[PDB]
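Student: Given the sequences, and given the hints that come with them, work out the whole structure.
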Amino acid sequence: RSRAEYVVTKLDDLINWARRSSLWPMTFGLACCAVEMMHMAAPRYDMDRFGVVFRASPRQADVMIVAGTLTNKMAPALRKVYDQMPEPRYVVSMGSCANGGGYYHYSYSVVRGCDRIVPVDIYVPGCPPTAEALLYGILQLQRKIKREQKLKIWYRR
Amino acid sequence: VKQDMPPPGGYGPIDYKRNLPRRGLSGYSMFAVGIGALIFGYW
Amino acid sequence: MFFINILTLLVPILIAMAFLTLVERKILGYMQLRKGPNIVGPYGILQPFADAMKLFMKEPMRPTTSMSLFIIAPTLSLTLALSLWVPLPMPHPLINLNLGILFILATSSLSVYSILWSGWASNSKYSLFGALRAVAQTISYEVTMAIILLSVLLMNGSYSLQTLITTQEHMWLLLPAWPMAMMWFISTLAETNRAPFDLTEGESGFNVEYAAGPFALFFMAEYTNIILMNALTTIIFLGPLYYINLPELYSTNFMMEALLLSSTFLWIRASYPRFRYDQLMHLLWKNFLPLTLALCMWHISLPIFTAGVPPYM
Amino acid sequence: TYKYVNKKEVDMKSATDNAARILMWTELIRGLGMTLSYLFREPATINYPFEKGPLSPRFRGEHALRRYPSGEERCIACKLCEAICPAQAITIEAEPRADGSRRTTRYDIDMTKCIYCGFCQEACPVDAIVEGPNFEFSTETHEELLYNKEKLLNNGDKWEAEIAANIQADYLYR
Amino acid sequence: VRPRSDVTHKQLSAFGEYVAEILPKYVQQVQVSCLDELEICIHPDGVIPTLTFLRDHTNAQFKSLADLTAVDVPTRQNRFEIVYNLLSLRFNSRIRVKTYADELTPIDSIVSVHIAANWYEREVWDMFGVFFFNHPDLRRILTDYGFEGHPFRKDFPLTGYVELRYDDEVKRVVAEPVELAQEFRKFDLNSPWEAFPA
Amino acid sequence: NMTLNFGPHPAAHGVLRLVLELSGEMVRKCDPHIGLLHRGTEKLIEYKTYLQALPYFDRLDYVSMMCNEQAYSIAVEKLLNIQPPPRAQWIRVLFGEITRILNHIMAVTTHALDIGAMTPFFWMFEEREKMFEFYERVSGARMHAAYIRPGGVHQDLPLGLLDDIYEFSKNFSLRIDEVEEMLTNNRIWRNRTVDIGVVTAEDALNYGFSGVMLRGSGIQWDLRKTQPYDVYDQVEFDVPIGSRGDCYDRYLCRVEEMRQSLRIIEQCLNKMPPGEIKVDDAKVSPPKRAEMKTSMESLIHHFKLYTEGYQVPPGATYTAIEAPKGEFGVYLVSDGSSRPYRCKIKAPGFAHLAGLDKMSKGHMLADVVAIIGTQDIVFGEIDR
Amino acid sequence: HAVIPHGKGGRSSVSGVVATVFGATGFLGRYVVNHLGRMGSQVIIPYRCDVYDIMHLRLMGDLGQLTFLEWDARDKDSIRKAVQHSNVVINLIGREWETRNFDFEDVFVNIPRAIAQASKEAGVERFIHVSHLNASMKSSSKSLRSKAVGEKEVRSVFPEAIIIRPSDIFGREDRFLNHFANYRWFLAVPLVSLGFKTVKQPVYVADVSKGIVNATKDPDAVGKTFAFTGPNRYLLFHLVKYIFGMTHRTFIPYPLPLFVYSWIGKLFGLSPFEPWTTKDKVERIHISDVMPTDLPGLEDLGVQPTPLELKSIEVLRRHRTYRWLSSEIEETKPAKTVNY
Amino acid sequence: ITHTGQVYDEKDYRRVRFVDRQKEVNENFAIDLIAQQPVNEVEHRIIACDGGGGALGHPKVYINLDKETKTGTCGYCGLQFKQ
Ligand SMILES: CCCCCCCCCCCCCCCCCC(=O)OC[C@H](COP(=O)(O)OCCN)OC(=O)CCCCCCCCCCCCCCCCC
Ligand SMILES: NC(=O)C1=CN([C@@H]2O[C@H](COP(=O)(O)OP(=O)(O)OC[C@H]3O[C@@H](n4cnc5c(N)ncnc54)[C@H](OP(=O)(O)O)[C@@H]3O)[C@@H](O)[C@H]2O)C=CC1
Ligand SMILES: COC1=C(OC)C(=O)C(CC=C(C)C)=C(C)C1=O
Ligand code: SF4
Ligand code: SF4
Ligand SMILES: [Zn+2]
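Chains as they are written, first to last, in the deposited numbering: chain B, 68 to 224; chain Z, 6 to 48; chain H, 1 to 63, 65 to 205, 210 to 318; chain I, 35 to 42, 47 to 212; chain C, 46 to 243; chain D, 79 to 86, 88 to 463; chain P, 38 to 377; chain R, 31 to 113.
Please note that the accuracy of each hint is not assured.
Unchecked claim - In the DSS-like style, the derived pairs of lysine-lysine whose C-alpha atoms are separated by at most 27 Å in a straight line are:
| # | chain 1 | residue 1 | chain 2 | residue 2 |
| --- | --- | --- | --- | --- |
| 1 | D | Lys304 | Z | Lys7 |
| 2 | D | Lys304 | I | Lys41 |
| 3 | P | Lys348 | P | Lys234 |
No wet-lab data here; the hints were simulated from the structure.
Tutor: This is the structure in structure tokens:
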């Protein structure tokens, strides 16, 4: 087909496939939910298998997984690093301590959620969110990206 | 009502010691094969 | 034709360059009890193309920093590495140069700048220092790297890489000169900033501020180099059998030896912790340079008193 | 009882042995052999969507509110599930239903607040609130994670068959 | 019932007198808890002297400081109760020396006696506000850089008075007075019936 | 000495604003910053009942999830003068040790990842994984179990766990052996680790190191042998003391306690008694659910225990165990109320970090990375 | 229909303003949602940009304060459901470029008239319509002339609908200030009449936003056509140089006939991807600011304007070279004010 | 609407959250389910009500079905018992 609509959608998809197949994460590793992510990186549940690299610096990172309490002192940093990433960037909040406040919600030093400091795309629940659950959450980010249609909106704009 | 307990007579024995094996070609023998290779190569 | 012969010798290497990252992310995997990337495409074959497209699409942040240099550094890194494949004598070379190994030594030396330029270009008190590590080690390892070649040449008779195919028609130059092969292999590991010798960028260099397209170009460069240096080991020390009647068994064995030695630095990476910055220079200036300079003299003496002075040409 | 982890002649045989170790990198080659060995071992990873990592009956996972077979919801709003929740997650307010029975008008588990301790599972006298097996409930928006009585009751109806099997397996232990 | 070994209760009691005699000054109310634990109590001025004797005495070597803490009894005139828990590797024993400090009456620092205290003393200042003279470098260890107020004081609100969010207008994180969306439910738990003390 | 504010994502557990002044590649002074993970754990506990503060302890240092819980347990049991039942004690030592392995696999393999060796982590994280599964099949949670409660364990072991904690133990050794063939004698591990961060014996006691860090310097102190807690007295193990204390020696010590813990686990499987896993005092331990659903005194005791609490008698205690990192102690002051008054957690780690300054002197940037590893710093325990 | 305002005034509090805001993704918009969210108002943000782009707005709103509904301008039904449950509708729908599928008249006049018609049907208490300052049906730039046509129509679809009419806006991410500063790439910075006789009065974005928000919560504004203007006027010359001044980049004002220059705008306009300059822009830029004669805006609506020099440092800092970024505004020289 | 009847009026704001979305409500509304439960006839004056399954039920209570006038209803199951 040559209708430019079918010409575009297809192109967008390719773009989405590339970003969704290779997501390079970065793990601030606040707290413990970091241990449950290292497990994902580990052999039972290989993250790489999916195209997720075990480690990445902020410049080269597609997704930031905030694992653990985002305390008030670390809150300015989180932002900095979120602000130091590329134009196509995403945030997967991991842990009840970062989805909301978690056990430490009423504390004076804990931000009640990272979505008060960085926009969050997928919220993975559980105190130590199971590694399979993170993997489920990373896979749902992949379905979120697949649906994104950036060029078709350009074309229809 | 049953309670998970060690099997009767106890379990078998486990290893708690490193079993790393000190296996290697002896040094003189190692050097001789190498020097012999260079001598043949030079000739 | 010559143009076609430029596509071949380039694309083919670029496509192979992409498949090395994949065979790195799987061989490291199986060594660490994990499948590695197999879900995108079949058995992960489409995996290298996928992040290439993700890398180019993401914003070249160009943080900000001196721009021109930020764009000369990756261009130089890819240009020199792909350029050094121009003279490799896989069977017949493409551009046969009478002083070929000096071309390879000189072109490698120029890549140290890209590290220096990228480090200065990012405006980071810390990144700037990171480039210093690589630039210093590169020239350092270059000094033994060059002397090790001079020992070789004196037993080959010329600087042209094409002569070694005639020098190694009866025996690999590993048998003789094995002591330097090892020292060429370790130096090849340093100059490609691979693991045992990858302090640079271990944490603490010249990719810090580099993302998307610039990241990719050096990136591509490193891996192409990873191959090229391994290929130079597979011509200079492991001489593939050459039959003038059928030239491809030379390239077939060149293919096999290059892949295995390329596999070896992948295997080295997973197997060893990274050396300390001074530990690294302690090796070259203390452990290797005295060995190399002395074995250099032995290779000016072996020819003369064994009446084996090599035939020029 | 103690042990010395690292507490410690020069003979050609010995030295030549030691010098070869430094010169030809003998121990380094030993390390390479180990990794080559595993390269040949079967990888332990599981296809995540197709094959799932095993979880036994006590896995706490995602909250659900059960119902009596008849169809009457088990909770009778004693509200000690609220009392023992460590994170203050469960909010319960109740009033006598027209039937005259005691039921919760609003039961809200804030899952982002919840740290999945499993004490609520423990505390309930009628065992109305249970830790359900599902762990995959990641949500695009923060509001979806906050759960009211209708989501939990719906969660309870969906997973009741497995919840009943899980409680069946572990109740003797408790 | 715990497996009490009276053998201990006595030996530690005997040491408690020993110390009380050795330092009649600065030491009062020395008592061995029913938990086979000694808790010499010293006047705040005896901080340096009592510790040093325990760190360097042949019959009582208490080389490492397990912990330095400050309970806060608001009722007590001297609000804080600095407690130093010390361990004897040689005698396989432990002792507690606890002093009292009010908010603006500083205690001496023992960084000299044990350098372990360099950090814990900073921790006590940050949380409770007690000040330690002669400290090498007192400065907040746990609280935020701009935090106002000492948090573990019983008179400090749990949620605190400030919380942080990112504001686009100013493109920077910004404190605001705390506004909570579900206040901490303050369950009253004490029962109006006591337990006849054994 | 240009401050590099070296730190946050660095090579620490997320938070180390390790601000450092470095003349080129030499470290002149290290002033670690802390509190990037302060969360209020000590103040929050004052507002919670004893049983609802148990989950906080698992989060204090969560690599060592349970061993921490044992310290609060012991502390609350002492204040009540109640002691667990015999089977529960062995359990706590069984899962106490399994947890030590879990911590050492974390400490040794994460140490290497920062050094640059990455294959040991994947090798042993698979073994870790297998252990987590024990936790899950005993507690319900992979980590953050809440299994060890103040009066014993929560629920008896599933019918079959012991057998599997055997198969694993029977093999784990080889897995430690492998790591060894990769790092103990690597011609390169030794260099980056040997003679780095040597700590004298007198200085280690002075700065309150109290852990492998002391044991590595040759001081013989294992609170598990010196002051036995639970039934660690009935087992027989050898403390792995070290000489020429340095990063390499202590490492060897941590690999040796992984070995010695397998010796303690074996015994626990061989000799765990038939019995109950929680004190029979409904006063302290919650009544069994069959009992609370058929007996009035049990419901009343279930209702009061869950809603109000233990009501510990007034007193204060400092109880220290030998958590994998080092001495973990809880000073729990308690009024007669059901909710504690103070609970300072002594973290093996607040003392160790402080030593970073006195250990990393005249050292390169890479040396600092090696020393943070040899202290097993989990910022949860330090920040509390 | 109302929501008693309870709370202390910050996030997690209630103000009772449910408001559809169709063009929130915009530079002005971003700010409008900021205050509305800060105040605690219920904000419904219709969007047709992809979800990734709308993410920045999520964090300033409290939980449940912001609802994002999809919407298409050509599809009348989408506007219908957006205003279903809103009681305040704010229209910020404009684009200075004329895109292939939406012509200047359609975005400025057709889309607002339909939107206003919908809320009269819905029963929204008040509608705020935003049109550019100095806008007359026989003016120079079509954009402005059209916008002028628009303010009229919407009055008939929605009577007593407030019509704030802002001047070109000064703010980070604005064009007025960044555009000129970005002339750096151009070696020479063309300025019609050498940047003279086009006195301009900028207005900080926030002032505009706060003003707009205050309108939503004040009975005094009905049928009012306020004009947020600014705290000081300027001949385009000082503005241009000043900008270059803070940016610390050289200035070469070059005279170039607007005749020929309208052509340069045409050139960029030709470009497919968001033309940087617009024929309609050019005229606008050299379209002199009109003296305030309409209803007073800022101050009148409760916010004291903020001088340009005060916050200019923040807007132009990124335009600056690596060096000179620590240069601060008070050591630098503030340009003179020409009221003319 | 729902078990309790939570509902939003036309003028009611706070109903927008459902716009283009769905609300969580329950079929099998319990209010009517026990009413649908037959009256457990018994012989004895008093009867128990484990809830069914003992440990897997409710803390046992004994109901006095002593007056046919009223079918005792265990406060936990809402099950009416017909003497
Ligand atoms: C008549 C005869 C005339 C000739 C006489 C010849 C006499 C016999 C030969 C003598 C020299 C033999 C060895 C030469 C190479 C080794 C030189 C050397 O000493 O290595 C340096 C270093 C030493 O280790 P270290 O402990 O740091 O130093 C101790 C002393 N300071 O070692 C290292 O640190 C190595 C680190 C290596 C990291 C990567 C390891 C990769 C291992 C696998 C690849 C091995 C090479 C494969 C080569 C394939 C073919 C090219
Ligand atoms: N900044 C300025 O130059 C000034 C502007 N104004 C007025 O204020 C209003 C806001 O200004 P500003 O924020 O700069 O404008 P923007 O250029 O930021 O655009 C405002 C919004 O309008 C939306 N929009 C544009 N075209 C369409 C369309 N065809 N259908 C649906 N939505 C559309 C855009 O959404 P999306 O991009 O997602 O499609 C954008 O979010 C403008 O309408 C303008 O008339 C007044 C004075 C100065
Ligand atoms: C030994 O310390 C470290 C951690 O704790 C184990 C981390 O979580 C992290 C975070 C990294 C991941 C992959 C969670 C780093 C970098 C680290 O150095
Ligand atoms: S959520 Fe549970 S696990 Fe993740 S950080 Fe907070 S506490 Fe640790
Ligand atoms: S405890 Fe069980 S029954 Fe009592 S309220 Fe909480 S949930 Fe409903
Ligand atoms: Zn019943």
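Student: Does each hint fit the structure? Answer for all of them.
Tutor: Results for each hint:
1. D:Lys304 <-> Z:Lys7: This hinted pair is violated, its Cα atoms lying about 33 Å apart.
2. D:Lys304 <-> I:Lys41: 22 Å, holds
3. P:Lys348 <-> P:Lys234: This hinted pair holds, its Cα atoms lying about 25 Å apart.
Hint 1 alone, counting from the list given before, is not met by this structure.
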